[PDB]
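Of the protein chains in this complex, one is absent; all others appear in place.
Here the chain labels run A, B and C in written order, and each chain numbers its own residues starting at 1.
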Amino acid sequence: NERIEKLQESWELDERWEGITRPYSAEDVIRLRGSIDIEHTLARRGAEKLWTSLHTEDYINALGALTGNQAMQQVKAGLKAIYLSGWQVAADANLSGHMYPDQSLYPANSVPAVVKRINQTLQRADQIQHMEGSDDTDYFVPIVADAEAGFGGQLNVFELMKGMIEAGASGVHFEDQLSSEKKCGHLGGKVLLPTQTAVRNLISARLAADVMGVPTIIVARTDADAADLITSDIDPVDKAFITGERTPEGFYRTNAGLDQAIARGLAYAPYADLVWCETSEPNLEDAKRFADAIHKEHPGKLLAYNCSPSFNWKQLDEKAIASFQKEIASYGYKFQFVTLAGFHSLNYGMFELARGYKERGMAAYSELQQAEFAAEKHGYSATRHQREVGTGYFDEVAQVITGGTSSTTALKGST
Amino acid sequence: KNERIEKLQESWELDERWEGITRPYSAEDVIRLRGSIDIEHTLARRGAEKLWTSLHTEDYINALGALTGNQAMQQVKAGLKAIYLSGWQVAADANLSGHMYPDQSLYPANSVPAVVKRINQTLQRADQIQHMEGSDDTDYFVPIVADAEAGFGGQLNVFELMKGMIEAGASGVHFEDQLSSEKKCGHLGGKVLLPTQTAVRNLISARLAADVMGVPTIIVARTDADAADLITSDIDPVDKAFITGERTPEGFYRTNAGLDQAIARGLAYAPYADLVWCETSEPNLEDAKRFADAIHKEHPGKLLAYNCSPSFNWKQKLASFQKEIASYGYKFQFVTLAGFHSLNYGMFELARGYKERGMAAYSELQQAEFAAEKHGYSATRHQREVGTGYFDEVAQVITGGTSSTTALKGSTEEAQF
Amino acid sequence: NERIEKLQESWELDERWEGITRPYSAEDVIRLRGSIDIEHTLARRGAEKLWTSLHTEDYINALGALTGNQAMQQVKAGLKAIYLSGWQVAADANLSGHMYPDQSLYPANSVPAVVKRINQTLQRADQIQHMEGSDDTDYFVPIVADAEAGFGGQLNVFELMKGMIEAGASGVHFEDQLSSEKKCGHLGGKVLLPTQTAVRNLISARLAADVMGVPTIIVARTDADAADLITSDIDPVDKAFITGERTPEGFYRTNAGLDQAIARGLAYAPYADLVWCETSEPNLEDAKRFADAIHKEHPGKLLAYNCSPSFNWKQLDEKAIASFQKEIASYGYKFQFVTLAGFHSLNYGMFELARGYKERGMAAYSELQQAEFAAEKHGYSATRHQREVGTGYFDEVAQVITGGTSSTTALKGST
Partner (left out) sequence: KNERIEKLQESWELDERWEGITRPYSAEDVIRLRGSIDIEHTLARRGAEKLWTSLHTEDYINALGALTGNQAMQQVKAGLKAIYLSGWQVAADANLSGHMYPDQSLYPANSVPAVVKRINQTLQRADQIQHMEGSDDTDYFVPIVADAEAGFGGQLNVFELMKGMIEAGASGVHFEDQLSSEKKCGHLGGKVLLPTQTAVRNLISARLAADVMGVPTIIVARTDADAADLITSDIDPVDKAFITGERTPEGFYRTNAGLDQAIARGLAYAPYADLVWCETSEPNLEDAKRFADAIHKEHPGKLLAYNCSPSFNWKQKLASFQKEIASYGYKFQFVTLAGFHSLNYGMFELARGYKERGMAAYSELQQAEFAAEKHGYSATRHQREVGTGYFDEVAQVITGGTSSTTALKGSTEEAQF
């Protein structure tokens, strides 16, 4: 009854949970935890640090990362969150090793492997700085990871959520698409789950976070803006949008648009810490519309916005773009992210370098290196590549093990 | 048995591929170790045949380090004729432990083979998108040259590692004469050489594995003996010329590190490898010429390999470097850590841009990506790049074309691109 | 047009494909293969060897294996196929490392990792025998692997099938359950896919087998015997069984039983090489019923039967059990398998050994060892444990590399 107490208590009495329904008991959670409590330091400090930041910052902008090096540069650049894109993992970082489109094709433990990758890189960055006493950068920046539609049912979602926390994610996002026909937000052929089925996914995620004993941030996303199909008419709430027309597959045609997005947003809002409307373009008016509707029933709900590379941020005007993030943080969009920054950064950079190189050999490469040296004074250390990867950290381990007598120390003698 | 031994025996004596190569074992030994069936390894064969051919056809072949499928994919698209696979890059950002490590054989031994397989599956999906659309004649199956470090242990770990590289579809593999338990990056201190006889055993085990796998995989013998001023032992008469007599606390022996200790190693290894690589501390034309001249006196025409390392300050303005050393026999040239510097510098520049100017910094990259299209860059159309069109073609074939949930038709990539 | 030829030809003209519909062109397959052909020796010889065996044997009985050692003993015992149970992988051999029930909880590339495991063990067994010339056992025995419901949609099935072939499976089985609510055949709460959706999975698998250029054997399984729920009324064919009643989730109540099993079996039969009816008990009468109905429309269709450890093969009579397999091979069930033999073999053996050991120490262990020695003369080599794992094979590699001068050879000096 005492482990149940120090849980039921926190719910009642913690501002962290104001405007959050949990339609299970603290008795249920402790029945599923098993007989002991396992601490998850990284995911707990993470969840706490992201929650603080979202209330103490004007807003928090992130870029997608599909490597720990990529995330380490985000953090050395001064970003205060990391976005783990399911698209990017599908494209270049999943456990199958295949390039896939964004249709839940990869094995469901792929994203959590990348979260652990990122945290292990950040820890090494922290270990190097600590040993040196060379700077006071907090490398443990919260990671917000894509759980797509949970890769199947309520129990897959549960397992996935447990995986994300084990890995040490600070926040996870679930979308109201059908796992079986899941797509990129900015592709056609999207299929919605009944509102109740999307709400059961969100309860599942939170119950998983409760069993793991961690206040992980849960983002509810809706695809209901473009999505004009749904799997069932079973929820009265959705009958308001169905035409009655049906595809061969059996799915139901629906009136997509900001109305459906808004219907989902208010339904999911009592079960999420942030709400996120996938949009087909970066329309300020629609962002404001979407926000207001949520805020009427859910005053000061933290909202999230995908500043998508699937948009042409130029066909949009130049001064509007410089001010977009500040402009939408205004409406309540306190977590903002460029989903595919890492994919475009990675492909653009290697294509331009390989072409410089094919055309002009090491001259081309010396342009990167020189660009690297000029960037040292701004906090780019990766130019000194052996230090960046912790060659100095492992030298110090060798000196401690050998009491200083090692002749095979790496850094002294290096060229 | 005599059946399979003879196809093998024939090819060893007839194919110009194995000219100037010794095998100190027999076809009978190879078939004894193979098992009762022959398993085909299509991409490893086609790659080894293509890489060899292009080494005897091009002025030279120049590569960059790839640490992801996408990176390798942009290298092919831009016109490069091989992919270098850096174990350093894998240590740092792409190994199966998920840790950031320095170049010291700390990662799990099957890591580079995993990245080889990744790269190959990316290239296969790139071809499949091209094939389906009949929209270009690009060969996306370019040879991968993979880092086997010092083999992660002895002669059997080398055997296993060499087999892994080939199953994953590597065309070339390099082994270095360092002690595995003390392995380092070429450009760090505290390198410990293996006795020469021991370095020769590893290249022999490497050739046994490729013969057993029935694939003519390229082997690059690498020596670290330019900067490495320790050897595990005085057992090999050939190494006594360079041993000072001084021992370390650990029991290692001091050697006179230099170009001569490298020339000694290069000539020991040249019979047992298809290319030879001397690691160097600076881009020195006269060391490269002397090392080449020393190798060509005993193996005229021997293919040589040069690491144009990012550990050097490319401020040698006396470019024209690749052409110059290619004229000395250096046909395979690669910038080991290109992938790490590209990825790392790239995100840092964008992230700093982003902190400062928000979505304006993102717009600049998009608009640089559109500008690269005339050069043949397609990743700005990213749904097509990762094969959304290919999986809609799979969907349409399964449903006979009634599929309602096809992806591209009604995507922001149709309207806005 | 010539790679299309040496495909369209095989279909028309190969007995292997008699009574098999492919509702796509050879043009479609070659459009998806890409520009070259990759040989898969193991999966091709496998598919050929299993197909031969099923026509040249009275029938083929298998046991479930969740390790390569387990499969090596099956083969040294004289079995001619191996059954890769999705249940067992869920229980003790999946890439997540968790014990799960049989509800598609594990990552979707888990089963193909176990097929590659098994083939790598068998190859080592073949390499040892070859080197020695000590016996002529064919260790490359066909593996028949569980693809559950494909872990999502038509494209997951496709990817999974490709995975199974890459791994070197000789046969794969897909079931007409909903991936999202998938269960063990012998559990409650089963949910059927529309017949057309189960038929699209099977086309998907075969198209994948066609792109991979391998005549992989495809088993269609139905859960329609116990399963009394279905996801949609969209297929006219299924309206014959729905009551019109609906659960909260939205699913449709159905009249389960041999009639529904038979409806699915004839629907799936033109798209599969074997048909398999999951049954709630080992009823000879129902097995015969099921067979006859299939054979009327599909004369001499190869059928498959799960002799399930979920049955009490004793509450069944003793002489009926000794003759069951021969009895049902009679009706056309030429592929028969004990799904969970490996799970029960593994848990029973370790529990009885640990208890013997707790009670009587090394005396207990010497009973196993003595049981092991008596079993040598029947073809159990694992008693000589260093040879079993290829210590001799790697010694011979060391002698070849060193030209015989090795002083660190393993076997000479062994105790």
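Brief remarks on what is shown
Everything that follows uses one rule, which is that a contact is a pair of C-beta atoms (placed from the backbone, for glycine too) under 8 Å apart; a residue touches a chain by one contact, two chains touch by 3 or more.
The hidden chain, counted over the whole complex, makes contact with A, B, C.
When the whole complex is considered, the residue among A:19, A:23 or A:300 that touches the unshown chain is A:23.
Across C:8, C:69 or C:330, the residue that sits in touch with the chain not pictured is C:69.
Residue in contact with the omitted chain (choice from B:86, B:105 or B:336): B:105. By the touch rule set out above, chain A reaches the unshown chain at residues 23-24, 28, 31-39, 41-42, 45, 123, 126-127, 129-131, 140, 154-155, 158, 200, 203-204, 207, 393-394, 396-398, 400-403. Looking at chain C, the residues touching the absent chain are 61, 63, 65-70, 72-74, 76-79, 90-93, 96-103, 105, 113, 116-117, 120-121, 124-125, 181, 183-184, 186-189, 191, 226, 229, 247-249, 251, 280-281, 307-316, 318, 321-326, 338, 340-355, 357-358, 360-363, 365-366, 368-369, 371-372, 375, 378, 380, 382, 385-386, 388-391, 393-394, 402, 405-415. Touching the omitted chain from chain B are residues 96-97, 99, 104-106, 108-110, 152-154, 156-157, 160, 164, 180-183, 195, 197-198, 232-236, 247, 249-251.
Please note the rule applied: only the chains that are shown with their structure count from here on.
A count of contacting C-beta pairs for B-C and for A-B identifies A-B as the more extensively joined pair. Chain C has residues 155 in contact with two or more other chains.
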